[PDB]
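Chemist: Listed here are the chains, written in short residue letters.
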Amino acid sequence: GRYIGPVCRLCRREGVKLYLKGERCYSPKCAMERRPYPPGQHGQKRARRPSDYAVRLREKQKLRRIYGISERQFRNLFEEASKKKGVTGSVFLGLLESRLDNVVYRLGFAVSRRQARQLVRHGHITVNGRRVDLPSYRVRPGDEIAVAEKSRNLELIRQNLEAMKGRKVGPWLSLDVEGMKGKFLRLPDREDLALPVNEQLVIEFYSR
Amino acid sequence: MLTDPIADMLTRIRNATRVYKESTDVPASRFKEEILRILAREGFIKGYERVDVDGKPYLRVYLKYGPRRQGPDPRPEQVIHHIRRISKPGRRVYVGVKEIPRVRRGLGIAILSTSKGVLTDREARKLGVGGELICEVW
Amino acid sequence: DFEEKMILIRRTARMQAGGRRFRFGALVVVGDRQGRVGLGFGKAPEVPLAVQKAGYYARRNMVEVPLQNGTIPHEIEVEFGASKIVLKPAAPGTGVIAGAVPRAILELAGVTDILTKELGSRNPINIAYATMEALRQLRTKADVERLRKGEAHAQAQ
Amino acid sequence: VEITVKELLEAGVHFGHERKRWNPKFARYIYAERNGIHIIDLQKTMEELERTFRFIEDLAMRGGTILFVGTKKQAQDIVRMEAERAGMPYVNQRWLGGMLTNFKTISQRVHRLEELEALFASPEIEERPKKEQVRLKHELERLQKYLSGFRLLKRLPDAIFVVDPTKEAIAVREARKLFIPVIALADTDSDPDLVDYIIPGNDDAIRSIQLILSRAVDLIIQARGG
RNA sequence: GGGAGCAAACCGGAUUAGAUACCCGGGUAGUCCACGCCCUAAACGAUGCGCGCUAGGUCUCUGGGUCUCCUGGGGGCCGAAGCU
RNA sequence: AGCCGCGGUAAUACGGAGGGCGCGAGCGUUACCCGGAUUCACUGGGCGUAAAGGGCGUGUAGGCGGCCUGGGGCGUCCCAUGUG
Ligand SMILES: [Mg+2]
Ligand SMILES: [Mg+2]
Ligand SMILES: [Mg+2]
Ligand SMILES: [Mg+2]
Ligand SMILES: [Mg+2]
Ligand SMILES: [Mg+2]
Ligand SMILES: [Mg+2]
Ligand SMILES: [Mg+2]
Ligand SMILES: [Mg+2]
Ligand SMILES: [Mg+2]
Ligand SMILES: [Mg+2]
Ligand SMILES: [Mg+2]
Ligand SMILES: [Mg+2]
Ligand SMILES: [Mg+2]
Ligand SMILES: [Mg+2]
Ligand SMILES: [Mg+2]
Ligand SMILES: [Mg+2]
Ligand SMILES: [Mg+2]
Ligand SMILES: [Mg+2]
Ligand SMILES: [Mg+2]
Ligand SMILES: [Mg+2]
Ligand SMILES: [Zn+2]
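Protein chains in written order, with UniProt numbering: chain A, 2 to 209; chain B, 1 to 138; chain C, 5 to 161; chain D, 3 to 228.
FYI, nobody ran anything at the bench for these hints, they're computed from the structure.
Warning: the hint list may mix true and false statements.
Simulated crosslink set (SDA-like; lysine to any residue; CA at most 20 Å straight-line) [said to hold, decoys possible]: (1) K27/D x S23/B; (2) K106/D x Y60/C; (3) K179/D x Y60/C; (4) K121/C x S208/A; (5) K46/B x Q159/C; (6) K145/C x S23/B; (7) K46/B x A158/C; (8) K153/C x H81/B; (9) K21/B x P26/D; (10) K153/C x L2/B; (11) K153/C x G47/B; (12) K27/D x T168/D; (13) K92/C x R102/B; (14) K153/C x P67/B; (15) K46/B x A160/C; (16) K92/C x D8/B; (17) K153/C x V51/B; (18) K153/C x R92/B; (19) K153/C x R68/B.
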């Protein structure tokens, strides 16, 4: 299935915050905040040089975890941007944002990505006016990501549809706060997304 | 016995240069003349002059070089960094247009014999024909 | 002020009456990823005394690089020893594909994209200045029509 | 001042060296072999002397510090009294592999001379036990020997000046590396592409040496007003 | 056919712990000629064979010329460029 | 235990534990195909010592070839077309 387990420990594995714990992950709690060093018995001891391949892999893992999809199809998404006409680093992401489970988490309707998924899986979501239980979902420019009326008066929807009067979307996006709607303007750029990944280093792991 | 009129020339001018000889002389063909007019159309060589060495017919090619480099090896740069022939005899090499390659990512020249004669991949493809693929300079 | 990766280290043997004696050797890069890049090879009695020294030789052993949209201007090949080094420009998005040691040297010199193979003998050190030379020898669409033609330049351009 | 064909001749400048000890690249520069031992074309020293005085005149107008190198036992005390007149640094005695690609390691030895001149001035020397006294004496002159031209070389020279680019093809090969320009006086037994600013003329003629330095060291001082 | 001298095998003497060897005194094959076989070799520059191109220096054998030197063909050594 | 290798009382290598990395309804092992392997070398190799120049010639099939112009257009290039 999906990975399911001790999430804020990769808040610390690759050494920087991955906001996957979600609304806690802006505390002086999310695990990183306390103890930067990554897991078990040794995590505090002196860390030596990382192999050329170490680093090659770290920065791949980060981007795989951070987006909350498992390897086997993190691949067919890479290998589907390769097969596509344009910059490979920049196409890749481009079809991470078009996935449904992170079409929500940037459209507001959730606290973290792992949560944001549940709402997709469970019949809660509208796509060009229909119900989609499919995180694997290719959201195109002009699509309509909303909520089905039935779930609307749920707290989790709403405390989150709240806070959005203090934030903004992401410039490829209109949020319709009140009407509970959302619109996919275009794809992103590598202009926008300021992730803590370096993407060529990802591709240099999918060269070997 | 003597086999390759052509490959021979290259190797004179090869060995000629890498010594930094001002001038060097090669057994007057019609081919060797038309290949040569290229090599100065495209500034690898200053130019060839027809000269008779011992009442025998010949071509005097003058040699182009780099400029006085410094360092501890003050020896320039053959404008001809590598010249070498592809259609070898008994082992020949005929390319269409599709099959005409480009040399050093466009920085260089491939020489052709075509139904319209003595041609560079640029002049070659611009013309839209091909044939025996000959040598290769840069 | 020069960022500097490190390629390889080794312990080498001398000898003597009663037991061996040694010395260590350190292969080091350098390079402002926009243009330049050096290499050193350093020997010294205790290790990071060498690794430090190897950094020295690289500062003098510098090679400006013709760079062009993070890539290599033309194709290229060079021998040095029986270790045969290949480079070749890659497009935007293909990026430092190259084994162990060109990566180290190409990256730090500043290449985004490149293609690459290593040949026959693979000993680091040869393939090191295999490529230090491969790069000393890159030539530019202008450095070039002003090597040739440039007999009478500025009548042409 | 200026120079003619007339003057060079009497010196023995056409007077080349052998054909048995001979550098092929020296081609361009000869007339022939009147008795197997070559004759330099001085109408091709007028060429490489013009140009190779212009370059010296510029350097004395942008005040350059020009090394002097002659070790061939006749050369020496003519290198000398022709650098001294010029205000210069000269390696007359014996070149050292280093003195250019190692100016530091060497120049840690000037100061050790300059320290020892001054140590010998004061009275505190005599206090040191007289074993060291004569001992540390020796070291004084050693340094005055192989350096009494090096001292005034406080940094790295704008051009080195050889009389034999084959004896000290050592030196020439240093200033090869550390991109200094080279100014050499060469007969035929000497690679002439290893020099940028070159004089074809006699290696060992103690009158060919003599004119050329004493006519160089003019278009130094004249070009530095005086 | 020939057999002086040399000399596997072989006969003795000596050395050595033992000596079927090293050392010594003889010894047939055989090396020698023929005529037919045998057809291997560290048969070795351990570099198959022709032609064209690329600093030279000395040495040496052999040719030709207006022979202080020039120019052909060989055998050697040291060295440019370049190869390794 | 795939390779070099670890174990002869301080085992990061064996068996357990805690901890760790990678993957996930699959994760491993065995068998076969290609890559690696420019280790069959058209692209893309080599023989002095490293595996390798025939022990030397002759010459047949076959492979290959100098300068000047012209006829053929078999190859090779080019365009239209039928097929794939
Ligand atoms: Mg699945
Ligand atoms: Mg239901
Ligand atoms: Mg090789
Ligand atoms: Mg190998
Ligand atoms: Mg006997
Ligand atoms: Mg018989
Ligand atoms: Mg017989
Ligand atoms: Mg026989
Ligand atoms: Mg046999
Ligand atoms: Mg043979
Ligand atoms: Mg000879
Ligand atoms: Mg050499
Ligand atoms: Mg134990
Ligand atoms: Mg264990
Ligand atoms: Mg293969
Ligand atoms: Mg091989
Ligand atoms: Mg062998
Ligand atoms: Mg054999
Ligand atoms: Mg023919
Ligand atoms: Mg014809
Ligand atoms: Mg036809
Ligand atoms: Zn978290």
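Chemist: A separate judgement is required for each hint: does it hold in the structure or not?
Modeler: For each hint, the structure was consulted:
Pair hint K27/D plus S23/B holds up; C-alpha atoms about 15 Å apart against a cutoff of 20 Å. A hinted pair counts as satisfied when its Cα atoms are at most 20 Å apart, and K106/D with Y60/C qualifies at roughly 16 Å. With a C-alpha separation of about 17 Å, the suggested pair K179/D and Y60/C falls inside the 20 Å cut-off, and the hint holds. At roughly 13 Å between alpha-carbon atoms, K121/C and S208/A fall within 20 Å of each other, so this suggested pair holds.
Proposed proximity of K46/B and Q159/C is supported: the alpha carbons are some 16 Å apart, at most 20 Å. Between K145/C and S23/B, the direct Cα distance comes to roughly 27 Å. Violation of the 20 Å bound is thereby established for this hinted pair. A C-alpha spacing of about 17 Å is found between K46/B and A158/C, which places the hinted pair at or below 20 Å, so the restraint holds. Of the pairs offered as hints, the one joining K153/C and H81/B holds, with about 15 Å between alpha carbons and a cut-off of 20 Å not exceeded.
At roughly 13 Å between alpha-carbon atoms, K21/B and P26/D fall within 20 Å of each other, so this suggested pair holds. At roughly 34 Å between alpha-carbon atoms, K153/C and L2/B are farther apart than 20 Å, so this suggested pair is violated. The suggested pairing of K153/C with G47/B holds, with an alpha-carbon distance near 12 Å, which does not exceed 20 Å. Taking the CA atoms of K27/D and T168/D, the gap is near 13 Å; set against the 20 Å cutoff, the hint holds.
For the given pair, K92/C sits about 14 Å from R102/B by alpha-carbon distance, which is consistent with the 20 Å threshold. Taken as a hint, the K153/C and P67/B pair is honoured in the structure, with Cα atoms around 13 Å apart against an allowance of 20 Å. At roughly 15 Å between alpha-carbon atoms, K46/B and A160/C fall within 20 Å of each other, so this suggested pair holds. For the suggested pair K92/C and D8/B, the alpha carbons sit about 30 Å apart, so the restraint of at most 20 Å is broken.
For the hint linking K153/C to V51/B, the alpha-carbon distance of about 24 Å lies beyond 20 Å, and the restraint is violated. A C-alpha spacing of about 31 Å is found between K153/C and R92/B, which places the hinted pair above 20 Å, so the restraint is violated. Straight-line distance between C-alpha atoms of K153/C and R68/B comes to about 16 Å, which keeps the hinted pair within the 20 Å bound.
Against the hints set out earlier in the document, violations occur for numbers 6, 10, 16, 17, 18.
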